[PDB]
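What follows is a single chain, given as structure tokens, in the form deposited in one PDB entry.
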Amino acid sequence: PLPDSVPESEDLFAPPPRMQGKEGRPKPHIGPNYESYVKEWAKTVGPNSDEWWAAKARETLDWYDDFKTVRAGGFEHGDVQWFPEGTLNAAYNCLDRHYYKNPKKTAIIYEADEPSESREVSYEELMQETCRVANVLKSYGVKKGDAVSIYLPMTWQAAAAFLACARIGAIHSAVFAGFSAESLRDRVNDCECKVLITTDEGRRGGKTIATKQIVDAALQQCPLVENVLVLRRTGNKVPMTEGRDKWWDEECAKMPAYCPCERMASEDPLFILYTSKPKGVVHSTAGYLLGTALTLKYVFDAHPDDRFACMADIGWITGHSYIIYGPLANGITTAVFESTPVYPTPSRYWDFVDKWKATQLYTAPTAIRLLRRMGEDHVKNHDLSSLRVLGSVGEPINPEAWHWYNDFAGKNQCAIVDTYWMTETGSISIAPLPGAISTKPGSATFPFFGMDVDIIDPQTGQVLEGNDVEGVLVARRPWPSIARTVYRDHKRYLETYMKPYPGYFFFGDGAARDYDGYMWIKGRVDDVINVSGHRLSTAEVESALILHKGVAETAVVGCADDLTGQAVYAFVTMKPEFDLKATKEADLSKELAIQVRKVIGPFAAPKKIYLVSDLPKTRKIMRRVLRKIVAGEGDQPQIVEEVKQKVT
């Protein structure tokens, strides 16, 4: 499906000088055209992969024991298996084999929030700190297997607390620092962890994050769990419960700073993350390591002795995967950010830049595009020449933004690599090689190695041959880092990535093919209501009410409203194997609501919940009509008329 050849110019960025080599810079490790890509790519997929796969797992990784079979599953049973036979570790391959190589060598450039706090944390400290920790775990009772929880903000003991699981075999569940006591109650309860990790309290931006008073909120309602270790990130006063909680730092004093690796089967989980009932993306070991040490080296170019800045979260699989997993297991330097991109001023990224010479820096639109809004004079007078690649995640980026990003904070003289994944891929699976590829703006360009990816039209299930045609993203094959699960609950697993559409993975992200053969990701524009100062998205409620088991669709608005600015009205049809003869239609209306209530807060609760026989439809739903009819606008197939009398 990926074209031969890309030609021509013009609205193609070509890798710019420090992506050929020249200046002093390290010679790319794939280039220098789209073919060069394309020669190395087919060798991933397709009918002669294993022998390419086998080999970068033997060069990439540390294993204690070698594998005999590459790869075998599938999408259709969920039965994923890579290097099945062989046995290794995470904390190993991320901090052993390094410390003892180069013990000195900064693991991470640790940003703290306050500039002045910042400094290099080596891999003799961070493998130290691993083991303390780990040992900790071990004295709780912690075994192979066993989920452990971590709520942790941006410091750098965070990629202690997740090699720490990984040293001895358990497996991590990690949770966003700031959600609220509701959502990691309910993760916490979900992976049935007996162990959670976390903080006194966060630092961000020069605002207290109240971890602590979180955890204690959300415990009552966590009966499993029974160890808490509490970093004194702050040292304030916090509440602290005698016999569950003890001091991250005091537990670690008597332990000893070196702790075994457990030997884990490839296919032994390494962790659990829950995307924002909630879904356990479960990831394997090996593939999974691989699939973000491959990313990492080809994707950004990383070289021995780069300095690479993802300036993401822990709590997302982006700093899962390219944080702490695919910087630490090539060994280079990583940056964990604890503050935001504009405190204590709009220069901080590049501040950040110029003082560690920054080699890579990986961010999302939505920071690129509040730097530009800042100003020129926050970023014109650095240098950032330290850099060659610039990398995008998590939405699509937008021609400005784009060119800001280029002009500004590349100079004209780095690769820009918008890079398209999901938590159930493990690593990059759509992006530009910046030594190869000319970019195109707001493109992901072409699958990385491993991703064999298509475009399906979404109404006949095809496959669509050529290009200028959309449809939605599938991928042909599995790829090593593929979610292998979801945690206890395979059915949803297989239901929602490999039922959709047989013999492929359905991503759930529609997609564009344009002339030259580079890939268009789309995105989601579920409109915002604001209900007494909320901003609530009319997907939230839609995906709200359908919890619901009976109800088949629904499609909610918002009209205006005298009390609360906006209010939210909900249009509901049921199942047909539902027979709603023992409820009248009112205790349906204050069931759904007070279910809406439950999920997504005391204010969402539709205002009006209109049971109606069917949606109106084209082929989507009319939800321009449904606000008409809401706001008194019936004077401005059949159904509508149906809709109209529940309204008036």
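Throughout, rigid core stands for the largest set of C-alpha atoms superposing within 1.5 Å between the two forms. Numbering follows the first chain given and starts at 1. What changes on going to the form deposited in another entry:
- Rigid-core fit between these two forms: of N236, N102, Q221, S532, the one residue whose Cα shifts 2 angstroms or more is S532.
- With the core superposed, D66 shows a C-alpha displacement below 2 Å between these two forms.
- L626: CA moves 2 Å or more between these two forms after rigid-core fitting.
- Annotation: Cα of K56 displaced by less than 2 Å between these two forms, core superposition.
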The other form holds:
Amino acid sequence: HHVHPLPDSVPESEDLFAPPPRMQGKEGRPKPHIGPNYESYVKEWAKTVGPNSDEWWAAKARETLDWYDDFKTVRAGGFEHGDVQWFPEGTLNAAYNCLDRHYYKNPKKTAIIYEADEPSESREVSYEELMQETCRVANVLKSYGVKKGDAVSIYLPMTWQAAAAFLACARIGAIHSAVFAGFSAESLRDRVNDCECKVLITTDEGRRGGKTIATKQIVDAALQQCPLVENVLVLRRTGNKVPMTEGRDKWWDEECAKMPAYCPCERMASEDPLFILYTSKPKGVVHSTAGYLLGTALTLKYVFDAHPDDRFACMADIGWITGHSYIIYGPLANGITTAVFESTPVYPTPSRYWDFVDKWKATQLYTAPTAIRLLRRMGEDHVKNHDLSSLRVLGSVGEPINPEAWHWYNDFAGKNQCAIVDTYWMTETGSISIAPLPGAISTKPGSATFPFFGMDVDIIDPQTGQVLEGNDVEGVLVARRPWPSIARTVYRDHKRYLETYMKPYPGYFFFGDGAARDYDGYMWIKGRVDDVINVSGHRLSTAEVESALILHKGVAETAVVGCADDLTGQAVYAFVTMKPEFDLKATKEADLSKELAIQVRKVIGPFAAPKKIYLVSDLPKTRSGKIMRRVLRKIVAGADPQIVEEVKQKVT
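Show the other one: the form deposited in another entry, since we just had the form deposited in one PDB entry.
We keep it simple here and write out only the one chain, dropping partners and molecules.
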């Protein structure tokens, strides 16, 4: 075979995992929406793509969402000029479909499981309580003069009220622009200025992993260079003394106390912007209302086989698109219970995730590979002794998942009884693009499998632009047609939007990842095209090599980048993080990096061997969990910021 799976210790003949009994409607579990085999997936998938899919999408749009005014046209526009349209004549409100209509049905039903940084301070937040706090904040925003189309910045930590902040902006037609609680004043500054918002929401302080976040302090430093900001709503999260600017800053609780607990919904056009999300100049991705909301609802319902009574647990942060889509809009659109996790995976201990699952009986869990590798690094005592039988599905998101981690996830977290869904997508896709449907697809470690409804992808040659037709091919991934949840522009920078995604390969959407469709049709996302290494003509993906390195005993996490090599063009350079146990004194470093080079030669090839390996305590990662390989590539070429100092030193 030309295309090989990500290196794994299990033989390929014993590495295919059919949907287990919890996803077969047995043991009293819900029957999956799509099942039981790959055929049942294509039968429905094929309805959602091609020129004959309008009828299907028109129905799902009316099945999934409540509409103030119905739509006439289903889709229009294209990539060329960035004029994507979906249900343009229709109107709705995001807050209504995430709150009101569910409050009217079961008001005492839990909407949010607020898992506070301290486990004892956790509680349930019903829809009634959530809708009421949302309407109060909306009325506060309206009292500040916020109008439909105005941008509002949200600098909130993972407290449950962040959902109220989001939905309050969408209730009145404003455009919220959420920023990671923890970002520096300079990063916050640039994002508050680009969106030109006049209102800012934040807390006095944040709490994560037992460490405080001086949100109001960082905000004060930022707003010194944000002239437009006139009003700041400050939430009392810790109650510790923080500076408050007279006139500009008002307390959340005191402002909401003056307002009613209901607020009418603004009638939004399908294509009115819902939010701006800036990606780490700053790129403010913009999403519309109807299309983004429909994509998050359908993906959640089908990719996680969500049912009315489930308790979905996405452990991401709302500063990330993963939180936007699968903490707030997605789950609450479907009217179920969702989790707001304020802590880390290892506070107070590396058992927190599992203490959480058994406490609330999470029916699905959804986190990043960087966290799965973290818990793997901490031993199996923290997880082995839990029940966790309430789970049915386990999700990975943010990067390629090494089969080694995929197995640990499958073994201990799911006790080999849960489906593993490797969900591939981007901030610019709005919702999950390629992922296995858990009740129908048999999984391969590290493979996203097949594309989701509305997504028709192709493998194109990166230079010629020709479609590699069929199986056992590899290249760069691209989409053939728009999908409902696709981003519509970059805020006040539609040229960057077209030049980044639409002009590289005229006719398609350009994700920026390498991909391979193996002999069975499974898709394999190998990493960022920018991270590809060209060793004497061979194109090495970062997932291939990293997955191989983590196959050696004691390896915790790895990151490989490229650098100029006179003989080979580029050479591979590896940054390796070893587990706590591994005694770096007893074992010669030279002998270790030599065993690793061999490990790569044996499974990949004699060209993928690193020309140099660096041992480091950690890796440069973003808040979401992405490994910042561009940094490592820049260094070799000459979150926790203190990790860059160790790299510049260990490399030099």
